[PDB]
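A.B. asks: Sequences are here, hints too, so could you generate the full structure?
Below, each chain spelled out in residue letters.
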Amino acid sequence: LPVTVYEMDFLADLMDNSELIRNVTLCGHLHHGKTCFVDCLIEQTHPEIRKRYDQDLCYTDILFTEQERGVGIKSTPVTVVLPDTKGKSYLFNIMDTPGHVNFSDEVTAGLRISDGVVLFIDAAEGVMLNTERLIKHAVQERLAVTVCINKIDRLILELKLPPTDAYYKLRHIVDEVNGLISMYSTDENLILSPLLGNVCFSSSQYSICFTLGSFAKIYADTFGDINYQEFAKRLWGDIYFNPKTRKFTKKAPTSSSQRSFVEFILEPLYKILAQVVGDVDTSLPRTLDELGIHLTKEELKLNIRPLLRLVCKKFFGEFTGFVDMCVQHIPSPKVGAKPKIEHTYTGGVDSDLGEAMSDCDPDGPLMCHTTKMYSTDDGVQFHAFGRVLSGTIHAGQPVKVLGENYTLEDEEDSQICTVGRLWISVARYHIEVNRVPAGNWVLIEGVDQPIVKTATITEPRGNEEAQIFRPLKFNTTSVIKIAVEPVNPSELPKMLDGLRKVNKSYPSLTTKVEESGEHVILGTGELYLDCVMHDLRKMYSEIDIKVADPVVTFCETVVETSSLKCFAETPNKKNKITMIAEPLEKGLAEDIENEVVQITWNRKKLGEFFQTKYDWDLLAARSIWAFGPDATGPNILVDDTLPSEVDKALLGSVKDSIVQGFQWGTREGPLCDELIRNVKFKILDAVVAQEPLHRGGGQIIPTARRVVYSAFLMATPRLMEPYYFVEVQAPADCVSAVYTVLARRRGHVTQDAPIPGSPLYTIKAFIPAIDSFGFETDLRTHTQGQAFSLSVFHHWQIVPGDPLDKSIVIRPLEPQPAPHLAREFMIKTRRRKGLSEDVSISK
Amino acid sequence: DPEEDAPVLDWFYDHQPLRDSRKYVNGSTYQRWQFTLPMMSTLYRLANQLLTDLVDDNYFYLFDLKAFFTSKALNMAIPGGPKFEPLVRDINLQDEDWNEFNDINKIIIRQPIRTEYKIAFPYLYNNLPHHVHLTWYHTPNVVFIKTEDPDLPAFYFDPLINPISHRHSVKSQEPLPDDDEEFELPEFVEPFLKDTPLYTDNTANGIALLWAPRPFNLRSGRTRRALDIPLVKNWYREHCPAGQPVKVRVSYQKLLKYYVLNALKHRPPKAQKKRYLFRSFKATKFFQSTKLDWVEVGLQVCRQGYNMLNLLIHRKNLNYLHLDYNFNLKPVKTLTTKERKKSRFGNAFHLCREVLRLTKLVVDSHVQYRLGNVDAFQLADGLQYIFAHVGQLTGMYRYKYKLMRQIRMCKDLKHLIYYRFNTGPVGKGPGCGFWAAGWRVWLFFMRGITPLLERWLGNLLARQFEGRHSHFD
Amino acid sequence: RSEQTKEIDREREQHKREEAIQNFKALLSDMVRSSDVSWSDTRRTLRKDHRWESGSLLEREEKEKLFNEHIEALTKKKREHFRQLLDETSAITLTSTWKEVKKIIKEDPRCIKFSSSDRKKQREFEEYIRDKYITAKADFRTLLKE
RNA sequence: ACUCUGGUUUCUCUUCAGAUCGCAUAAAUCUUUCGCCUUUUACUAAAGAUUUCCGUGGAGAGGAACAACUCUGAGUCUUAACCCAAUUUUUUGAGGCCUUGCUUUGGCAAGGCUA
RNA sequence: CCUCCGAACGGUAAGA
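Protein sequence lines correspond, in order, to chains A, B and C. Quick note on the numbering used here: the first sequence kicks off at 1 and runs consecutively. Quick note on the numbering used here: the second sequence kicks off at 1001 and runs consecutively. Quick note on the numbering used here: the third sequence kicks off at 2001 and runs consecutively.
Note that these hints are calculated values from the structure, not bench results. Heads up, the beta-carbon is just placed ideally off N, CA and C, and yes, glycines get one too. Some clues are possibly wrong.
Unchecked claim - EDC-like mimics (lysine to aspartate or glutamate), calculated; alpha carbons at most 20 Å apart, straight line:
(1) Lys-314(A) x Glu-299(A)
(2) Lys-250(A) x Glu-1184(B)
(3) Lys-251(A) x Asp-1178(B)
(4) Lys-1194(B) x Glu-263(A)
(5) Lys-806(A) x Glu-2088(C)
(6) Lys-833(A) x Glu-668(A)
(7) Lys-86(A) x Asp-221(A)
(8) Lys-833(A) x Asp-1103(B)
(9) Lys-2077(C) x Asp-805(A)
(10) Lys-2063(C) x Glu-2018(C)
(11) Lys-1194(B) x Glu-290(A)
(12) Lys-2077(C) x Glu-2127(C)
(13) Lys-546(A) x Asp-1103(B)
(14) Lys-1066(B) x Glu-66(A)
(15) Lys-1171(B) x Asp-238(A)
(16) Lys-473(A) x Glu-590(A)
To be verified - Here are the computed distance ranges between Cβ atoms for each label pair:
(17) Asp-805(A) x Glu-2053(C): 23 to 33 Å
(18) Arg-1089(B) x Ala-2020(C): 52 to 62 Å
(19) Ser-840(A) x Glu-2088(C): 17 to 27 Å
(20) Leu-1152(B) x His-795(A): 42 to 52 Å
(21) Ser-840(A) x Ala-2020(C): 30 to 40 Å
(22) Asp-805(A) x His-1130(B): 40 to 50 Å
(23) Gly-1424(B) x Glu-2053(C): 48 to 58 Å
(24) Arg-1249(B) x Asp-378(A): 40 to 50 Å
(25) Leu-1152(B) x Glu-590(A): 47 to 57 Å
(26) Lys-301(A) x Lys-1291(B): 31 to 41 Å
(27) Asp-805(A) x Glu-2088(C): 14 to 24 Å
(28) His-1166(B) x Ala-2020(C): 27 to 37 Å
C.D. replies: So, in structure tokens, the structure goes:
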């Protein structure tokens, strides 16, 4: 164990008291100083760990890929003890999460086991793509949001804004974030302002971090007889300071006075930085003496940036303002366990475990939720990582691990495992402990084998009522699709083993085996899949693996009503299922996928919604049978049977088979074996005879599949490819190059706007996901490395052309024109699936 | 300028500036230095011709050392990057034939997979990516703004910075029923640095020095040997300009190739005992110490080398041979075949002869400068010509042909400098005197040749004085 | 900055114009499927769709020119289909009659797309046969030149 | 606001050298391959391992030289103008008595008298 | 557009 400030046994004592614990996830955009902030925290807690005078420490960048690339790839936990303004120690469980958008899933894996989200914003950049995405995700996960504005030195040493303009920039950042939260929420208690203590201003490179409370406490310590809580309620906004009355007035004393925040906080910071970086030899000792800072002779000989860091560490001291923010605005596990169970527990808060866990009882029934899987040093075994929502997990205690498929009716997906050693992760050394009480974060060994991605650990034979926690909902969709083979086919087994391990390391990774024996990996972007394949080649499998050129996963839709009442007759030739297919209204699929409307609703509310906004027949709205291919699937199966033709009792005994067959038929797809998206199936004529033996599930489900395909194929089917949303932060002269690059890739620019308070421009555009391969590299090359872009899956858009136009010739090495694209994309997909070339209506 | 350049004016062109001043250097041994910010700013401004306008490493995307290592390990060359030989030869890259996994009719092509992609993400776009290096992904764009006017305040809202939008303030505090006295600070309470000004005249310069190339972002440091400063290393580390001829482009690529090879083959120096040659020599009674003009000691070295080779010749009784003072072996008369075979020296004698010829040329250019025949600008041009035309002035390439590698380099640098020099009002013709580039190359050549030549000449001189220093069946 | 915004805005305008052109081309390729339909007749009939306002940055001249180009391309596709179907029957040669072709290509959808009546169809078949005879003459000249 | 401590340069030597010894970059040897090839060198260019050379840092030792003197560290790092103060210390009226009950006396607890 | 221009030896009549 490396030497720290606090006792390790004191940390274990802090473990028991759930009130003295905060579960905090540090999220934000790419390279907004999240890892450097944790570096500063580690330096504050660990005396013997210090940042190099030239290179960043990157304590939580523990993967070699992370160290070389410079981008955080996987979330890393640090459990530290931090003092607040009052000096009371707290146990902070911090999730240093990647800022790259392709690893948004990783952030989600930390947002499940976290009560509060500290969102880092670059002061020079502002609100970016991943910032907005994570605001939406954290609010919709019902988490307490606290914003922290990192890299405020860039406003001083790099942008050189006047302090009033720096205040305006910070105010703009805060107001924009508040607007974002208000857009995606209903509460008025989710408003952010440093007046309330929701915002810290920091520069993690120079170890600056302060709220208004901490700076007011610095003033109180240097002067005395100052209520720093009452003083910090006035260091923000248009409140000015009259020195005649020694008062704070909302009106301007003079005609050219400054804000209180500028006078008392920003201006001293500017002067500190200016005296350190410009007058280090002339007026620096006098300035430091005025601040009560004494540096040695060997410390004044340092370079300007190490000296700035040292000076700001002597002045500000410790990150007590950050701890104040996370204590006063992020609920403790005991306080915050009720909404967490309300949101992420299948049984809800109304069960006998929805209240035994909502109290966060350290000595109740053991219920832990593991959502991360961290590799061992060699890379053979794994350690699950998760939050102990109830009970006290012990080392050696056997537990019942429940997978995502465990339900009460079907209990096949469970296993009794032996908990090996338990660790507390501080991201580079694991404190091995004997037990972990509730409300904490724990590393568990031995239980990894039955865990695929997320698991619920409970007591064996303890709670037969114990359900599973809801599986992780990811912000984006795995779209990019690579195919992998072993170089030596005899080594195909080993690759499979490797393909399992990565499947545990990456929460959004979607590995599978297709019909033709292909091993297909689904990821979110080029960097995501590059890291996946680095880990699959170097870390786990340690073999030679060939990659295919990446493609995207298509979907299938309709554009017109099916010309014929497409009918299917069962093999017994007594049931006649006659349906049509037509597209849903614009945006209805978005409502279905976002859980705006749910199948769990009563028919009353569902019909009320579908009559309110979509103008249907209430008979048809009440008759909406199923959402496909899943409960959230953006496909609708509307029953359009007449009341006087097919009796409800005659049809209710066969509705279930029709529903399941429709679900799996839309899951498969008849064009190129892809999900059918945005389709409405009106069951017109369901001739079901009398005998219950002739209308069984094996009699209907394949017939349901057949009628679904027949209705689909006659409704002018079309291919739909995913479209990514791209934000480019480019200099003003490199916008024409961005336009030229996006022109070559079928991409159109939604907007190009200058960034307020920065010389840069933001170009927001839409680009086809199949055309976005190497788009970032091309954009950075064509703009001399200046235009940087992040790509995220946004929506689905119809591929140009008719997929079934069999009069289209395809030359195998030429980018086809748009009207042929849908014909091309289907055929080469089918050949990859191992299917027939032409789609025939006769099946 | 006595006003602008005051911090450096009185010591700028001294041989070893500030050596006597203990405020700046440790002492006469000249190991450490510690300057002030105004001096650093003046030096940085005076050197702004040999430095880069880049404040960020983002310019070197797919053009840094890691990208080059990856491209070398993949037998691929980025546009403007160096070409190498393949690492893995005995695995044929076209031996992979049309199987069902690489089926052309199975893959969709809309945008060709350029070699830039295969190096940005080597594990995704390449099969068998052995010995590939992951390039640094991205550094946040430095938005530092260089100001070319000291009259501007160190802090000011630059017109380049885009303006910020209008007002918004949601502060719904309780409307106080005002019969009260509100918050008041103590009497002696004031902002932390009310006395100090917001910005002085050295603040903007220090901020600019933050975003400055090494060593101008330094405050102190260690002295380096004059040959260890390449001074043009960042010129071929950037992309070649647009309308350059083919020779200049290939010169950039070859300089880049040798930079990559030096960075890749670099091994840490080995631990060893501190052997010093000249300290041992001075410890004897046969060596004295003095302080001589460099031109004088150069003439002494030239004369000593001539005398020493001439003694080597006259020892073997070769009166028909004549070593001239430009170090040219000459036949006095038409020599018989028996005389020609007895006048056949090894590559040791001829390599020493040609090295002494180059030294004689350099020292003789300096002597021509000191005699007043040739002035300083033409002296620098002559040295630049000498160090870039060793293949023609001397002939050591025919006794150690590997040094042709140096010659090509000295030509490559000649291009790199010339097309940075002969731009604008400056055309072709002589005049460039930036001889540091080739001088470094020939010094580093001598660094490796010194042990080889010393061994060869030791063997030869020991031989002059009767000294030396189907298997299995 | 004035130069900079002038440069940015002109390319923004060009991008919007070309995107509108591509959208109109997609509308033309998705709806119009017969070369016998008039350009302005469809323009007065296809304006009742949803994306018919995609030409908000276009005039009647550009739309009519694009419709003419699409009609020409469709006619070329139909003619190519007719020529390809004319390469299957053995009776089609350099000296075939149109009266016999009216039964050889009686139920010919490619030829029907080429021409509804026998006059234009006979003219097109005669032009194709003349091209085939020219190709045979070229083959004879190539053989006799050696 | 004070008492005890106490340097810098330069030369040489002996060792340890991870570290961008070196923000620079040479050569040789060996083993694999590579291009020529007509005999040796001299070569072409990639990998690995060795050395050699131009340099470097740390520690210790011995000298010569502004060495005779600060600075740094440690140490509690000394006091009278204007305040005798009305919630956790050393100027705060809180002070006592008896009854009752318990307890072996002693001692303990609730109540009253209170200027 | 193409600019990389190498070298030495394997060339001794043997005698008077």
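A.B. asks: Now tell me if each hint is right for this structure.
C.D. replies: How the hints compare with the structure:
1. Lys-314(A) x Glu-299(A): Holds, at roughly 12 Å.
2. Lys-250(A) x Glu-1184(B): holds (14 Å)
3. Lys-251(A) x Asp-1178(B): holds (16 Å)
4. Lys-1194(B) x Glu-263(A): Holds: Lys-1194(B) and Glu-263(A) sit about 9 Å apart, inside 20 Å.
5. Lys-806(A) x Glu-2088(C): holds (19 Å)
6. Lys-833(A) x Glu-668(A): holds (12 Å)
7. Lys-86(A) x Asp-221(A): holds (12 Å)
8. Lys-833(A) x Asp-1103(B): Satisfied, since the Cα-Cα distance of roughly 12 Å is no more than 20 Å.
9. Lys-2077(C) x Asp-805(A): holds (13 Å)
10. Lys-2063(C) x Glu-2018(C): The hint holds at about 13 Å.
11. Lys-1194(B) x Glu-290(A): holds (10 Å)
12. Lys-2077(C) x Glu-2127(C): Given that 20 Å is the threshold and the Cα spacing comes to 17 Å, the pair holds.
13. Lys-546(A) x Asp-1103(B): Answer holds: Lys-546(A) to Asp-1103(B) is near 13 Å, not above 20 Å.
14. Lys-1066(B) x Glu-66(A): The hint holds at about 15 Å.
15. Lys-1171(B) x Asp-238(A): holds (10 Å)
16. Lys-473(A) x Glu-590(A): The given pair, whose Cα atoms are some 16 Å apart, holds under the 20 Å limit.
17. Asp-805(A) x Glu-2053(C): 23 to 33 Å: With Cβ atoms ~27 Å apart, the hint holds.
18. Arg-1089(B) x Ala-2020(C): 52 to 62 Å: holds (54 Å)
19. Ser-840(A) x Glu-2088(C): 17 to 27 Å: At roughly 23 Å between Cβ atoms, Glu-2088(C) and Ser-840(A) fall inside 17 to 27 Å, so the hint holds.
20. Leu-1152(B) x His-795(A): 42 to 52 Å: holds (47 Å)
21. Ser-840(A) x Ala-2020(C): 30 to 40 Å: holds (38 Å)
22. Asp-805(A) x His-1130(B): 40 to 50 Å: holds (45 Å)
23. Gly-1424(B) x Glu-2053(C): 48 to 58 Å: Cβ of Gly-1424(B) to Cβ of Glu-2053(C): about 55 Å, so the range 48 to 58 Å holds.
24. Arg-1249(B) x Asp-378(A): 40 to 50 Å: holds (48 Å)
25. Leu-1152(B) x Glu-590(A): 47 to 57 Å: holds (51 Å)
26. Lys-301(A) x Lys-1291(B): 31 to 41 Å: holds (33 Å)
27. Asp-805(A) x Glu-2088(C): 14 to 24 Å: 21 Å Cβ-Cβ, so the 14 to 24 Å window holds.
28. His-1166(B) x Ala-2020(C): 27 to 37 Å: This hint holds: roughly 33 Å between Cβ atoms.
Every hint from the earlier list agrees with this structure, and none is contradicted.
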